[PDB]
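Take the given structure of chain B and dock chains U, D and G to it, following the hints.
Here's the letter readout for the chains.
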Amino acid sequence: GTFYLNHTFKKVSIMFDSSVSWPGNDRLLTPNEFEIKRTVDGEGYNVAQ
Amino acid sequence: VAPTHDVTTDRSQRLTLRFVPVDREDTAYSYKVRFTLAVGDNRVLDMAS
Amino acid sequence: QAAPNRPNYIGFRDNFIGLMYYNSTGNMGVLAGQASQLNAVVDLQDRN
Amino acid sequence: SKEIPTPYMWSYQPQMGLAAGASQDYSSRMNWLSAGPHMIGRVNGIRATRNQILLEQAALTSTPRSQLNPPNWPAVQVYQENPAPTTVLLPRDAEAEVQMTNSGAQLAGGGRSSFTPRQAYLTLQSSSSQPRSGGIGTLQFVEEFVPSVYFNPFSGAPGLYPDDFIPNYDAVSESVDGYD
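Chains as they are written, first to last, in UniProt numbering: chain B, 683 to 731; chain U, 50 to 98; chain D, 294 to 341; chain G, 2 to 111, 164 to 233.
Hints are not guaranteed to be accurate.
What the hints assert, rightly or not - Just the calculated beta-carbon pair ranges, DEER-fashion: (1) D:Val334 - G:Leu108: 30 to 40 Å; (2) U:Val71 - G:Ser28: 46 to 56 Å; (3) U:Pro70 - B:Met697: 31 to 41 Å; (4) U:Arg67 - D:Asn341: 19 to 29 Å.
To be verified - Cβ-to-Cβ under 8 Å is the rule here; a few derived chain D residues that face chain B: (5) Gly319; (6) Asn320; (7) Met321; (8) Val335.
It is worth saying that the hints were derived from the structure and are not from the lab.
Beta carbons: idealized from backbone N, C-alpha and C, even for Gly.
Same shape as in the complex, but just chain B:
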């Protein structure tokens, strides 16, 4: 139970029957994904330094 690859992820999509996206009904700042690691640029969604 001692993991060390926790930081190597990006967008995590969960979609039931491939058409209702699950964060809920557009509940987040991108309606179809869970953004682990926005690496590049763009908005400043990057928190926690």
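Frame of chain B, contents of chains U, D and G only:
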């Protein structure tokens, strides 16, 4: 058990949301902005978040 | 013996595309309300 | 086995809104295989209640119809949306306002106005011009299509079976529109 009512909003709400400054003052020592934080009649805050 | 340089015509792109640049996860634009500032233009990666 | 069946649960179609063909419930079964007589007569006494709750729920809630999983729902058996008629407040009735400009006064800005005393406001219908058919929503599939408890299963003539339990079957073609 979880409280099955009174947690879920079937209307497409939003968990988190950034706001945009409607002014700026580029003083050589100061920097002043004012915002327009506002809700859609059913979104209480704590304002510490 | 001379010979003329080959010409080009440096104009803009056809139909000005690529000036606004679309379809980038990050560096995308918004069209939001003033009272809520929720985005109505999210730009997916695989859509030219 | 035949007597206390594990019920056929449906699957929701988000695109078409129809029923996506049901399946045997294979994700709530107890593992009663490691149990002697005083519990395997209790476990079968539990499933015999959820096969009776699902029959006293199917009568209270579902619409009585012949073709379960129909391909085209009627207009009246689908939840419509009829909000209030939108009361529109007209600002300035122009029947006496165009006379004010032709007198010479240019207007700007904007009772409601001082030069005219009256202010009419109209209402109009906010529903659709025709009600909706062909496909039920998610909350209708929450309401209808309770898990169909199928007793003495697959025990008859061909065509007398529930052919819509096959999750490939066109309801008005007697056939899978397959790869063609």
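Evaluated hints:
no., hint, result
1, D:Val334 - G:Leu108: 30 to 40 Å, "holds, 37 Å"
2, U:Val71 - G:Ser28: 46 to 56 Å, "holds, 52 Å"
3, U:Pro70 - B:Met697: 31 to 41 Å, "holds, 35 Å"
4, U:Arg67 - D:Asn341: 19 to 29 Å, "holds, 28 Å"
5, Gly319, "holds, 3 Å"
6, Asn320, "holds, 5 Å"
7, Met321, "holds, 7 Å"
8, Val335, "holds, 6 Å"
Checked against the numbered hints above, the structure violates none of them.
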